[PDB]
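2 protein chains.
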Amino acid sequence: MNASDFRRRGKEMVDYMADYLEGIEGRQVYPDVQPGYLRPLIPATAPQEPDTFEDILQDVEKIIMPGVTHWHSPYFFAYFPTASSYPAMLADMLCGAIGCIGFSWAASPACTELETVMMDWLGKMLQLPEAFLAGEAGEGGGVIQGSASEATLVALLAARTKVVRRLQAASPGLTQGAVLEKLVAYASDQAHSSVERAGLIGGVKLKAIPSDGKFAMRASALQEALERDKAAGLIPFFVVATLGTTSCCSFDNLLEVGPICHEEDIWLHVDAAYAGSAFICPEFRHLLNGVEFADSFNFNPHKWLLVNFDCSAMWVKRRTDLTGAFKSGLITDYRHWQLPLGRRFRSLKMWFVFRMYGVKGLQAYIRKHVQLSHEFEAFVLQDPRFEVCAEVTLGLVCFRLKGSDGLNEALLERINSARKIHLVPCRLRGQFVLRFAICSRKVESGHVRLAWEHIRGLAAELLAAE
Amino acid sequence: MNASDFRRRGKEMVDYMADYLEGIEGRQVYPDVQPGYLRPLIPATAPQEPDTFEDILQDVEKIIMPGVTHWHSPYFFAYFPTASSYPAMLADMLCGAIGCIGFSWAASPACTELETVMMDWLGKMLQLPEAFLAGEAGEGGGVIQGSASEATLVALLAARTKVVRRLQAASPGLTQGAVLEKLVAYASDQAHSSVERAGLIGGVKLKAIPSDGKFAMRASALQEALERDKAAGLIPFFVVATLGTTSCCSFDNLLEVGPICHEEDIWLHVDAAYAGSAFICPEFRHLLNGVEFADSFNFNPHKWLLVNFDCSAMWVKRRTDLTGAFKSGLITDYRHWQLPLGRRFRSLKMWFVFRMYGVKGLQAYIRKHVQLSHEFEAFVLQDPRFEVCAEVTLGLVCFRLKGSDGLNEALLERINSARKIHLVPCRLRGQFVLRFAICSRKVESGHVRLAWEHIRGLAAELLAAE
Ligand SMILES: Cc1ncc(COP(=O)(O)O)c(/C=N/N[C@@](C)(Cc2ccc(O)c(O)c2)C(=O)O)c1O
Ligand SMILES: Cc1ncc(COP(=O)(O)O)c(/C=N/N[C@@](C)(Cc2ccc(O)c(O)c2)C(=O)O)c1O
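Quick mapping for you: the protein sequence lines, in order, are chains A and B. Quick note, the first sequence lines up with residues 1 to 327, 340 to 478 if you use PDB author numbering. Quick note, the second sequence lines up with residues 1 to 327, 340 to 478 if you use PDB author numbering.
FYI, nobody ran anything at the bench for these hints, they're computed from the structure. You can trust all of the hints, since none of them are fake.
Partial chain B-side listing against chain A, Cβ under 7 Å, derived:
#, residue
1, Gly-10
2, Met-13
3, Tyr-20
4, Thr-45
5, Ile-64
6, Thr-82
7, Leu-90
8, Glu-150
9, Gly-203
With a straight-line cut-off of 30 Å between C-alpha atoms, the simulated DSS-like cross-links for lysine-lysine are:
#, chain 1, residue 1, chain 2, residue 2
10, A, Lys-454, A, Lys-62
11, A, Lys-182, B, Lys-207
12, B, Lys-205, A, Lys-327
13, B, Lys-62, B, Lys-454
14, B, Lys-124, A, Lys-62
15, A, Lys-182, B, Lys-182
16, B, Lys-372, B, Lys-454
17, A, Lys-207, B, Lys-205
18, B, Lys-205, B, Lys-182
19, B, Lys-372, A, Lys-11
20, B, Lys-182, A, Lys-230
21, B, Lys-414, B, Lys-380
22, A, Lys-327, B, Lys-327
23, A, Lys-207, B, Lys-182
24, A, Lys-205, B, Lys-205
25, B, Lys-205, A, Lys-182
26, A, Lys-372, B, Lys-62
27, A, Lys-214, A, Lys-380
28, B, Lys-182, B, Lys-230
29, B, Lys-11, B, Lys-62
30, A, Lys-327, B, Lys-207
31, B, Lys-327, A, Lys-207
32, B, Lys-11, A, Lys-62
Where a beta carbon is used, it is the ideal one built from N, C-alpha and C, also for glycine.
Construct the entire structure; sequences and hints are all you get.
And the structure:
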């Protein structure tokens with residue numbers, strides 16, 4: 001294919017993309033295909049000779065689309081949002097055309113330089129402490145990671161190297177392996193499974209801190225764990241505090257946990273994968289208070305800030321703490349800030365989104381989602397057959413039918429079966445709970461109301477049947 | 001920005017992209033900007049209100065482009081190729097529009113299913129042993145990794161878990177940490193630095209095996225290392241064999257190393273990042289002989305098979321050996349095959365590239381690059397002031413002016429300073445060598461001839477001046 005054919009097909013593809021997202025309400029959110037559906041529908045071998053673009057697009061529609069779960073449908077209320085915005089898509093187009101691999105500064109100066117500035121822009125939007133900004137002369141700075149899962153692992157490895165060096169300074173005989181046996185990392189019992197993965201890869205013990213009645217990590221529970229573990233001769237080296245847990249979008253208490261990590265010289269990583277986007281709005285920024293105690297802070301623009309995956313945003317206060325694991341002001345060498353060596357020009361996506369929405373546009377997006385969340389909450393609160401199971405702060409409502417877990421499992425099954433909307437459950441303290449997450453860029457009140465009416469109607473049939 | 005504006009700007013962007021790649025010969029390959037050039041040219045803060053798309057595109061041209069190294073210029077002869085093809089760009093567009101995160105089967109069946117099939121397609125094109133194919137009932141299979149650097153780490157972690165379990169089976173009291181102290185990994189002295197990073201992250205010793213006169217790892221040198229290390233009480237657990245080293249595109253001898261790894265129960269990972277694309281051509285497939293002994297095999301379509309970054313292709317014989325690190341036939345759960353949990357629909361890029369080029373088109377691309385490589389070799393061989401420093405097999409020629417390293421350092425400086433072409437050096441056994449790598453999709457004979465005439469003319473001035 002040459003530039004001239006690309007001019008034609010590229011424009012066709014633009015129309016296909018826009019048609020897909022514009023017409024997405026008409027698609028069934030969750031597929032009816034069984035596991036294994038695809039292989040028998042396409043050839044066992046790559047073609048010797050080219051297929052036409054037309055044949056491929058037909059296959060997209062007839063073979064791929066039936067096996068797609070439509071994340072961007074208004075009726076997708078599962079997990080947390082993933083980002084989809086046209087500015088991000090435009091940037092990704094340009095990103096691919098430039099097509100540099102920014103494993104060094106010389107491989108494309110702008111690929112590195114734009115990223116540092118975008119991380120400063122975003123740092124300032126979040127009102128991060130200045131310690132996290134690169135600027136002209138900062139020791140800190142930010143980096144795009146592929147994902148929060150990777151960010152957490154990066155932070156864990158930096159923390160591991162750091163505590164190892166601290167110990168080996170005092171006892172030069174000590175091997176990495178002897179240190180590893182003693183190390184212990186902590187996270188909330190509501191922490192994302194990415195934390196456990198990081199612990200497994202990092203070769204360290206990971207212990208869960210019991211959350212309080214609001215599913216938050218607190219000083220007292222951390223302190224208790226630390227005392228027990230220190231007395232057994234273990235060395236706490238890393239804590240992940242989660243702002244916006246997956247289960248119920250609860251918030252670890254950084255103001256309590258931060259001082260403890262400072263006094264014990266424990267690396268404090270803040271995972272705000274979802275919730276972090278909200279901190280660009282002043283009315284939510286209080287939830288990030290205490291981040292000044294963190295060694296590293298991460299959230300995903302690719303969840304809730306309209307920057308298409310992959311784009312996870314991580315900042316550190318001390319670049320040498322980070323870069324030491326992998327060996340001020342201007343960053344030339346992002347390869348020491350992340351697991352891979354290669355990277356693409358992902359910062360274009362941030363620049364386009366930030367410039368095309370503006371801060372105000374992004375704030376309006378967040379606030380609309382939170383309003384819709386509360387609109388759904390209001391429905392649930394006014395129905396005495398249901399209960400809300402946790403405080404609603406952002407775009408997630410946890411709710412259930414009053415009654416047994418079985419009733420709620422049956423309700424979920426009926427919702428899934430009806431194929432109008434897609435939701436997933438969680439367990440909160442052994443209890444089965446339905447999650448309603450505001451996801452789509454295009455969700456409106458009307459969608460939420462119809463989702464609720466749909467849920468309420470199924471619940472009514474279920475309750476009569478009992 | 002809504003669908004309607006995207007239809008307009010998306011098409012503008014398509015034209016911008018095509019203009020960039022079509023006109024790319026007119027760009028200076030390597031930029032003149034100094035580190036830190038960008039920050040003063042753009043604002044310190046995100047805008048409150050939207051900027052226009054026009055202003056953004058102006059900035060791309062006037063501020064970004066001066067800091068871009070043009071990987072896709074015909075006159076870029078640095079490193080190894082990175083992939084740029086219009087079919088891959090079309091797929092990436094669609095990938096972003098669908099916008100699923102394929103962290104589970106239910107998150108989008110096709111996102112997982114298409115990938116397994118494309119890895120089988122690619123496996124068949126490379127004539128991999130059947131042990132590596134998923135098919136209907138295979139224990140093995142393939143996965144897209146973000147990069148070869150990540151693939152190598154994934155393999156190392158799987159290898160680490162496997163040997164750890166073996167050692168704990170004999171000695172159940174042994175901690176992960178006590179095992180780590182004993183473990184030793186090996187790679188060629190020409191192995192890519194990704195291997196050392198994998199060893200560092202994985203917490204294990206990495207030792208270099210001395211390469212032979214053709215910069216190849218051989219049985220005798222491996223065996224000697226193993227015997228020495230075993231007698232010191234170390235436990236070999238992982239070997240990376242490199243097909244297509246960065247320095248001089250040399251090839252480790254898999255037929256020799258494979259049996260040794262089998263007999264010693266050492267995990268054998270094959271890194272064919274660059275060279276692996278050539279193995280779809282029968283005349284190069286012999287270089288992969290012995291891969292039947294490998295536990296894992298990896299190469300980058302995002303180097304030399306026209307699948308834009310990110311797309312690294314990894315296969316294993318035994319999915320449970322891989323899966324066990326992160327805890340037949342149909343794969344539903346790629347999250348146990350890679351470090352991140354999240355992933356996008358990257359397999360679209362493979363499908364589009366393979367379908368729009370066909371196997372024959374891909375073969376023709378590889379063969380044309382290899383012919384151009386030999387054309388450059390032929391120029392060097394006819395000029396008695398120069399020498400070729402290693403066997404030319406694929407798209408890389410190592411060459412130097414006969415004389416001192418300093419003369420060749422000066423020649424490189426003159427080339428870089430003239431800003432017509434971009435090349436990088438290496439050291440081969442302490443000797444300074446220039447590398448000429450065929451990179452751009454659009455390189456032709458004429459570009460290679462002009463590059464050589466340019467190089468020869470600089471050398472002439474340098475030699476007269478001495
Ligand atoms: C609190 C918390 N911490 C870390 C992570 C890992 O983030 P990742 O590695 O994916 O960037 C998650 C992840 N959320 N996982 C979802 C909500 C699925 C999901 C949805 C949208 C996405 O854009 C996405 O990447 C993943 C889940 O259901 O687990 C997290 O919530
Ligand atoms: C033998 C060998 N093994 C592993 C890797 C890691 O590959 P990655 O992690 O990037 O996928 C490389 C990498 N090569 N690096 C280049 C040639 C630069 C380069 C050029 C084009 C790219 O598409 C790319 O990703 C990287 C170098 O000069 O180091 C490798 O050569």
